[PDB]
Amino acid sequence: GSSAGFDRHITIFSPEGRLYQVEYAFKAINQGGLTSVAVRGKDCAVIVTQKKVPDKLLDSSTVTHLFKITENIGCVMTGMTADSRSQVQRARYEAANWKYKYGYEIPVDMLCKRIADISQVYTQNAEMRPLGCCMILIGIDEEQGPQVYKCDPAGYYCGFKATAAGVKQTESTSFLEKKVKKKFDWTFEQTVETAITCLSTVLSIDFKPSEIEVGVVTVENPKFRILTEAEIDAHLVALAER
Amino acid sequence: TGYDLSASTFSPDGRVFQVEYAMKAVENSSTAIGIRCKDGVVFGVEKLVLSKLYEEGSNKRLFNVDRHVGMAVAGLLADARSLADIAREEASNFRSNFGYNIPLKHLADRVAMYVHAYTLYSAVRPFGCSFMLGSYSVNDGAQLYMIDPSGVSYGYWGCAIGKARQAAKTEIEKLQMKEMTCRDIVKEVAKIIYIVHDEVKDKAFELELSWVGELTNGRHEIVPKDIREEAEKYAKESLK
Amino acid sequence: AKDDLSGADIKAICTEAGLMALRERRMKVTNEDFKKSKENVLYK
Amino acid sequence: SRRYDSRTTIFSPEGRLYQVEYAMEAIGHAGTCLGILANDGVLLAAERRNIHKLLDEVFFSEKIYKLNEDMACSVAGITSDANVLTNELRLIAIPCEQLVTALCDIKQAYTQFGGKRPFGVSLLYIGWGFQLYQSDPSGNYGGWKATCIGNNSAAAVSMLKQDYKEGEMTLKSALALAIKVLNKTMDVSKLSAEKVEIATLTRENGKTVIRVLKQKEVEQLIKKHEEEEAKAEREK
Amino acid sequence: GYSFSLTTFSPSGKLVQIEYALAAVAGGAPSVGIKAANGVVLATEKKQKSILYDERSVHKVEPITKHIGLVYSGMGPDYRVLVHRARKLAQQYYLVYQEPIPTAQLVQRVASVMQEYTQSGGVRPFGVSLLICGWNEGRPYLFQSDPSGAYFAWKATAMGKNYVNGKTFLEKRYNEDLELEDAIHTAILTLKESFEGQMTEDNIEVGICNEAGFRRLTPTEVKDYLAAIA
Amino acid sequence: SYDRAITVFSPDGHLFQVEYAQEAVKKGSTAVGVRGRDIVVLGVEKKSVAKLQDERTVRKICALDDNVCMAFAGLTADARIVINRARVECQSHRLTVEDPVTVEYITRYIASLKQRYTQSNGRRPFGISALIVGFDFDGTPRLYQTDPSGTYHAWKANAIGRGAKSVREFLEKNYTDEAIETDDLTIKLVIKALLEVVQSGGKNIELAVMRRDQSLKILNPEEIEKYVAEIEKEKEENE
Amino acid sequence: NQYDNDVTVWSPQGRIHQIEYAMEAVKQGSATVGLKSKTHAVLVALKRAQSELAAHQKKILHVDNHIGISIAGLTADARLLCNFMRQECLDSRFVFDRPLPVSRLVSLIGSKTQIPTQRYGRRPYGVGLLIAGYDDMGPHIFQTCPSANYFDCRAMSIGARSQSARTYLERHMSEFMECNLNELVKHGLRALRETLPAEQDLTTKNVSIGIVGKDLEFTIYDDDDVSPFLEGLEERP
Amino acid sequence: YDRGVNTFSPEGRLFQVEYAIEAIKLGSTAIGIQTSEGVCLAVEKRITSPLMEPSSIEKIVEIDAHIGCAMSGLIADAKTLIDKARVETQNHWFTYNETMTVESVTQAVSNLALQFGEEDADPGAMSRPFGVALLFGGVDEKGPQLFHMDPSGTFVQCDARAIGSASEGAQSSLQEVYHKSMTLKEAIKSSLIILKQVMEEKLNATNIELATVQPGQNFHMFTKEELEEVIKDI
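Chains as they are written, first to last, in UniProt numbering: chain A, 4 to 245; chain B, 6 to 245; chain C, 386 to 429; chain D, 2 to 94, 105 to 139, 144 to 251; chain E, 5 to 234; chain F, 2 to 240; chain G, 4 to 240; chain H, 8 to 241.
Hints are computed from structural coordinates only; laboratory data are not their basis.
Mixed in with the good hints there might be a few duds.
[Stated by the list, open to error] As a list, the in silico PhoX-like pairs of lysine-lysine whose alpha-carbon atoms are at most 25 Å apart: (1) C:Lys387 / F:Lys204; (2) C:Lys413 / D:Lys54; (3) H:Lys52 / F:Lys166.
Taking the hints into account, I'd like the entire structure generated from these sequences.
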């Protein structure tokens, strides 16, 4: 962990080849205290995150980390709330610009690849800080099917069958790793159930249908929709009864 | 230590301290509360007079960023004023492009992104003011959004910004705001501000009241003096 | 010998020149000894 | 902004430009580049530091670059910065000194305004009369009859100061001087043809011929020098 | 943005920031390139920390043209910036000359971009090394572009973690008469010494260039090559 | 655009970058200029004359115009920018006024250009001092000196470089109407001045003379060697 | 410290020291008193001379026919602000052909002076202004701070030793509203007298008065023209 | 250093402005006296070598035929200020066909001070204050007028102001010798007595500069013969 000069204050290399400022942006994902989980099934993709409303004074309808980037693409934001909105607005602009310039809906892989490209410039130029947020896109592709892509502060991005970002990312990764090892092409109900279970088992909350937001995309309806409290209750009831 | 002198520098714990220091400027200002009732939003600002030499109306913390949106501020007043014109120019551009009054959710999201844009680079400093935007319309309904120096905008039923924000929030919680109207709430907003005011500490405050609702036809305006004085008497009586 | 010549370099040339003469079992220092002296202290 | 500014283009309290000197220190750790002017031609002898056995040989030359039909240059220092200067040297092209002055104006500009680090490259220029030039990161250029830049440049100049017969030098004598100077400068006692890079500029038929000597030709010079040095051993 | 260079000369005459960028290259996943008689092979260790990652989603061996391919060792995001620049530079070459860009030209153009971030204001050097492979004039080409902007023509080289040992492994295992298939075998063997765990068809990425052009070997093809190792 | 204040006031009120630029002047070759009756003599000491160095390229005396020439002391690369900028202005002045530039004008332009670099963002001061000599249209010999600060003064005789103080002290004692009665005596004066700091002798002296209605004439080493013999000869009879 | 070198550096206490340091520039300036009545708003300034062979520095500047200001701080910065407010007042005449409202003009200079207090490398306008004006809404006295925060004051005093004047202004505040023009100026002169040392007194050389009223244009009074105002007020106890 | 050019001290002082004021104290002494019969401007040339031509040291400049300036501090810096004063004048004449008032000339030059900064500035913007103090003296509608400018942009009318290394001593001497109703010839003499007492060298007609702007008459630099006439007294 050697240091030499301003390698801790601006995005320049350390003596061992480390960008500490970029690493510090990763710790900002845990500043919000929320965990997001995304699971991809055979014909659906689900993003689930916990919602916290500390007081009844706050309008719970406005606390949403699930954002409809496009009619067919939705994302869950974890990290700094202010930086998360900036990425969502940028992602919406790029999705709209892609449709205008190219004539077809932006692929999920290309949407974060641009966002990862946008966030990489922050990791090379020293005049701006990396956005302390993590973006997980889900969407149904025309051919590749369901897609899940995480989009880190450093510009790293990858496809995921089941990913998670936030405070409990590593504990939820192990749970999802265990489930995917079983090699089951989950249906829509199983994928929501394993998404809710992963957040529930790691946080140990036994969710009510007001503490988690669930957003799904399915092959039959390739549109991003926010599950209503009643709809989330159906999965919570089904999970409990088994 | 050098980790808190720029907004483009993250702390090793992943926290931008320059933004957090701007949060402290808001917590050093007087308390402004806003309550979203059944048929509108009512704003109340505890406006201390720093001297008797100031005229009644100086340092107005209640702005009109649009004909249907108000703004209650706390923190650096110069930054609060600057963010007022940004909201005014955002609302003006929205009407000049799309042809209708700017939704408060979009107005809050647009100004907050301007606030957030000053939290990323060392060439600018974060705005040292937190403000609440309240609006009412027949279609969208009463909305109350609060934007902080970091750039975070959440909707609220009742919010407080200032040094007695915690104390005022407890008083707001006792209210049944979702059922009572603006007429019943202006008295309550007056009562809460008087409760949280510290007479032994900085004293001689002025009650600044404003509202937007169906009784103003979706237009933000200062509460008329007759109703404002009536609420003031009720607020003073509640202190026994 | 060099533009930025110091007294230490001047003395080092001499003692090395004498050391070169000592190697060849000589008491008289020749110009070749000084030539090989400069290439030892100033260079390499 | 001011905190992270290293202030490259400022004066030291003693009146020097530290970035310029620190750049000149980089050339000292770079490959040895030789240049000797003769009456019928001028040569650039460059030490090759990319002497790994797995390094493919595809380019015409490694450190010696052709600027135009009449001029050639060899670089010592940061190779990436050299590529920038060689491209701009070609774009500027022309008389030899005019080309050298034009690039040194670019190099001096980075040491006066802009806040950027200087180009850590020293160049030896050869062209057609016959003339040899040397440039420094400070933007200071000078014409030479025989000069060296890079590792053991001072040692190489010292032997040139003694063995370079002014006016009475041909290509064969100058080429022989290049091998002899490079022998002491390089730490290798043999100086194989794979670690040395020689290019000659000569006027044939009223046209300038810039040619990089093949490995077979160079081995002859290394051989001829070693027997000649062995001949001097016969005297003692 | 900042208008002052973040890379400066140390008192010892070294661009210290460039050396630190090369330290990031030495920490990247190993990348091996071999120029055989009839082609060039590019191989890398595309190993994920969990199965949840989709291996085929992001590729480390990315084509630039129909005949030029890239493999890196260093920072993943920085490689994509250079991939886009290489493709843009390859196109800008193609519109003017109406001819596929030569391999040596693209490396020079790409290495110039890398040098800029070592001199430009307010930017840090790219923390990757690029192994450029191509086919022009009926001859295979292999180049390496360091973070400083220096480009080297390699008959066979290894980058990334344990690159020093991999380079010596190639010295004793590479000959100019080697064929492309034996190059792939030698490339996988070069990766194997630095590899930890077992090499499946998904945790390594192999790309080859020949007269037919550059293509990235599918995981099925790499499985056949891998079977010959054991 | 690099927009930063390099030259700023010290708390005492000094511009330290200007002083440091004047410190680089003190590390350069000694340049000596003497304003005679009908001749102007510029003398520059040569640093470590190398038998392998082309003396034509490293020349500290350059002609801005046909009637104005200058010798510098300091950073060689810095000077070449000033000479080229001054040369372009000499032709611009001649294009507009249709009259050859005066020595006062081009020493004013160089000084103004030098001063601009002590008050402009991102630019370090020029680390050279200029000894501008020449003739006006009316035949009056003029000698001017600039420093990195931007101050230009006219001198009967002056020296810049490392040994400026010693040569100037020598010049204040030996510059008299008798010493500039003839051109030969004026040329001897600069050599006498430069012999005070040049240790080896005339091999490290570069001499350039300009006469009225004539171009700049660089003195060949044989001509200089002829003069040093005369000074050496005149030394004996004075003993 | 490390939190006082730039205007974009927040102190850990939520304060900007460069803004605060610029606020001290006003406190180094000479005292000026601004008070208003039902129909008039006059400015009283105490001019300072570096040496007795030099003129006393002008403090009241004419911005428009209906708006006038008194400066306290950096004179060149005051000129920069006054030139901006002179142009804005002139611009309003060119477009709307009406006097620029005083409250509306101070808002422009409050937004103009806030920009330098938030960008890197810029500095706050180290000048304090006391704006006196008349419009459709009546007389106004505005105080402008280097912090870009302006106050609508009924009677204000800024400068060196201005707090003594504020004490006088607070005490006799109630009688400002209904007193005539002569009594209003004497109140300001009496207020400005509290800033002086004991041995010093208000003279024609060090007093400048600027008056704007309902039917009276903004006129600045000087040494000859201030004597009709000084002679009435009695000697201080 | 860490501090920028536009940085405020804890006492409200612009650091660079205060530093530029200290630069005047290293400059040559200049004495300016305003009289009913005209304005007087004197400055010491401060010759450092007999080989330096005294005439080349121009520390009093013709701003216009009716106004001149005496400079002290960094002489190279005042050239930029003098040039605009010679440009702003002849711009007033171009637009209004009249000679610009001495106060307005000093006002225009004063605006250049504080037009310096690091960031958010034009490419031609300055980086540091003008480390020079100017003594404008001329004749206009208001008669003879003397104005003093400092690197802070602060200009003020002065009856008799002394700037330079000996500003403190000469100003004290000026106060003891200046009365409002005195002739210009007395002003020329009185300024020369004070200069001779503060100069390092012995006062003569070659190491000083005298200029006068009388009403009616134009700006007039004193020649060697004219200076020797008043030097011969004291």
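Tested hints:
{"no.": "1", "hint": "C:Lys387 / F:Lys204", "in the structure": "holds (17 Å)"}
{"no.": "2", "hint": "C:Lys413 / D:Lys54", "in the structure": "violated (49 Å)"}
{"no.": "3", "hint": "H:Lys52 / F:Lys166", "in the structure": "holds (21 Å)"}
Checked against the numbered hints above, the structure violates only hint 2.
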